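The chain below stands alone, shown as structure tokens; this is the form solved without the ligand.
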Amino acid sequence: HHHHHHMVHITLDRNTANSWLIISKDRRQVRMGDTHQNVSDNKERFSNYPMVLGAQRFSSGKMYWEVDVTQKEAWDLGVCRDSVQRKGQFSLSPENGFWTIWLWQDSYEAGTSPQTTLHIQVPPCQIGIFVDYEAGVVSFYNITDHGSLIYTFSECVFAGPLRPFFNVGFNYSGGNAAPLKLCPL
């Protein structure tokens, strides 16, 4: 792909984070803490899952960013409507305002309803995310495997401003403490 020149500088929005997340000072890294991180509750926070939004809102144009997932067992990544449900249980689907992929139990899936099997020969250490607002496209690329295509959501009905979306996943196994990191341009 040749999307690198639409690179945008993504930072994480602390106010949207699940209360167990630790976001780095530069707002480019997030990990699961071993306890409540001593913040007040607010209506923005994801309550049930270890999720956080980027601060950036997109309503036009072409945007590209990269996320480091090295040594993680579980994570979700992509974009979502600014207006997604924050509280309680929900599925990651375009009907609920999410355009995501994930790693779970040694398999990679796209957040369709129902979910779609991905075919990845080289486990990614970095993921590229490309959004074309006007075209209605979200695409994911395997940076570790020379930028090979992982998945394209097309005919997307965004129906609002988009935000970068992250889930560091639970760490019940003790094998998923590693952070998500926004890679430098």
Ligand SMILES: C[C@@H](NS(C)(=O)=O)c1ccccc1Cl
Second form
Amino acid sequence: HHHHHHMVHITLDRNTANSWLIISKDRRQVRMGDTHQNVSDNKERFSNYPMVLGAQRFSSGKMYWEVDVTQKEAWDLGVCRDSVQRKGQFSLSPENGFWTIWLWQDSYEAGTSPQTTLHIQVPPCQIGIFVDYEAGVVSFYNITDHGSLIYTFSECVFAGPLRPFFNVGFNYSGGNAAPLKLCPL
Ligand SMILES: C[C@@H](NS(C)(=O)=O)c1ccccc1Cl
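Moving on from the form solved without the ligand, kindly provide the form solved in complex with the ligand as a structure.
All chains and molecules follow, beginning with the one already shown.
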């Protein structure tokens, strides 16, 4: 791909984070804590899952960023509507306002309803995410494999401002403590 020139500097929004997340001082890294991180509750926080949003809101244009997923066993990445549900149980789908891919139990899948199997020959250590608001496109790229395409959601019905979306995943196994990191431009 040649989308690199639409690079945007994403930072994480502490106020949206699940209460067990630890966001770095620079707001560019997030990981699972081993307990509640001693914050007040609020209506923005994802309650059921280890999720957080970027601070940036996008309603037009072309945007690109990259995320480091090195040595994680489970995560979700993409974009979502600013108005997505925060509390209780929900599935990641375009009907619920999410355009995402994930790693879970040694397979990669796109968050369609029902989910779509991804075909990745080189397990990625860094993921590129491209959003074209006007075109209704969200695309995912394998930076480890020379930028190869992972998945394109097209005919997207955003229906509102978009936010970068992250899930560090559970760490029941003791093998998923590593952070998500926003990679430098
Ligand atoms: C299960 C728990 N911690 S962990 C490290 O994954 O065992 C958790 C932490 C944050 C949100 C939901 C849940 Cl369920």
